[PDB]
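The chain below stands alone and is given as structure tokens, in the form deposited without this ligand.
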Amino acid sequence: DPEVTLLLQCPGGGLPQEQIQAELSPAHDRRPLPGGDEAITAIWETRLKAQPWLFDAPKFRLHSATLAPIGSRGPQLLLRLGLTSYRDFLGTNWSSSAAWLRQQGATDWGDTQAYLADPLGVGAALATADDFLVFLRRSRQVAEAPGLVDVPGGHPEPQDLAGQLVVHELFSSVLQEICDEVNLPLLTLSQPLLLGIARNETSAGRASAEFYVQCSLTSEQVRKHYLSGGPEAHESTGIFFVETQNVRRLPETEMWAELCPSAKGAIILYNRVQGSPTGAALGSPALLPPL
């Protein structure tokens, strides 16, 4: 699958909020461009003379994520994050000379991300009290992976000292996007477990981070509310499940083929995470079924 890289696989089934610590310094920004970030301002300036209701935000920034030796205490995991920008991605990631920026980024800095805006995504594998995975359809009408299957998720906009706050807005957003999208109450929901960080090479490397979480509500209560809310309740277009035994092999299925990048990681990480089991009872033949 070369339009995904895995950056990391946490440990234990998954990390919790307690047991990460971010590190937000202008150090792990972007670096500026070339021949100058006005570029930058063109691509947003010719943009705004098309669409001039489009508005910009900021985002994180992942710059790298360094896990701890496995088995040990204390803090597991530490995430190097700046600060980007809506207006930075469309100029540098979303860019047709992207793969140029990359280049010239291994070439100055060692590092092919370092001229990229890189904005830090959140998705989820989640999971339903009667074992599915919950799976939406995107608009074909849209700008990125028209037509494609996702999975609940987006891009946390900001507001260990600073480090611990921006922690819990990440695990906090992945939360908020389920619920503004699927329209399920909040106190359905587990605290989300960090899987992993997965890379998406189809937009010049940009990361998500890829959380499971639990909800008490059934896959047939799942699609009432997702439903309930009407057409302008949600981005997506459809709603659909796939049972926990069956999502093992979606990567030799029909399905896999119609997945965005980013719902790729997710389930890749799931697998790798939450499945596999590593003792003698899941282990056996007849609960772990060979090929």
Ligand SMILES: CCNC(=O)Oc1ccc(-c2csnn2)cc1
Given for the second form:
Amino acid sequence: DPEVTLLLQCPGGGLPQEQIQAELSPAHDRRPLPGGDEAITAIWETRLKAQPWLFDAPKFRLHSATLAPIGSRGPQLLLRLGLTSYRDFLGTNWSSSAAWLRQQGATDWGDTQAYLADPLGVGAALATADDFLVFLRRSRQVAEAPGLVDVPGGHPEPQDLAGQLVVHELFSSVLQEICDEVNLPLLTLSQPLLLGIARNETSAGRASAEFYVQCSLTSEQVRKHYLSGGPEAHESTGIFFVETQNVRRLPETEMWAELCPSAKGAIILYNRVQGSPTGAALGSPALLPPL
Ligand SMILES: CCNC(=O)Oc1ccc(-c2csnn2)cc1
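For comparison with the form deposited without this ligand, please write out the form deposited with this ligand bound.
Following is the full complex, with the preceding chain placed first.
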């Protein structure tokens, strides 16, 4: 799977909100482009003169993420974050010259991402009460991964002492994205666990935080909530469910070719962090079939 790389795998089956610190600093921002940020302003002006209804929005930038030594007390993860925008994304990660920018970042800063916006995404492995994960079919009319399979997520917009408010907004945003697209009531959802961070090598390495969320509704009940909103209540064009039993071997199915890179990231981390039992009981042959 060349189109996805794991930056972080969480310990303990996934980290809760109270175990994560963030450092939000202008030291964590994109570097100005070698020939100046004029190239970004040029791409933006051209795009608005074709689609004048488009609007910019602020985004969190991921610089790096450092895990504590395993088994330790106190905070287990530090996220170093900066600020970016949708406009900066269109002029760097989405640019035809994105690979040139990665090479120049390696040469100038020893950092392939130094000239890239790299907005932080969130995504969820969302499990039902009857032990299915939830999947969504992408519109064939949109610019990114048209017609591919996705999981619930998005790119959260800003608004350890500003740090803790930023971690709160990250965890909050994955619940809000599930309520907005799946049309589930907020009270049917568990507090998220962070499984890890995955990079999309088809979007010049922009990263998504991948979370596990449990729903108290069955697959049949989730389907009813999604459809009951009508075609205008969701950007996706269908919902479907795979038994958690069958997620273990998903990379060996014909479904794997239809998954967008950020959804591959969520399923890889779900398999490594929530699946893959460590103990004698869940490890026994009858409960963990070989091959
Ligand atoms: C940022 C919103 N995200 C969220 O709530 O989950 C989704 C999942 C998929 C799509 C989508 C876009 S085009 N075809 N599908 C939209 C939303």
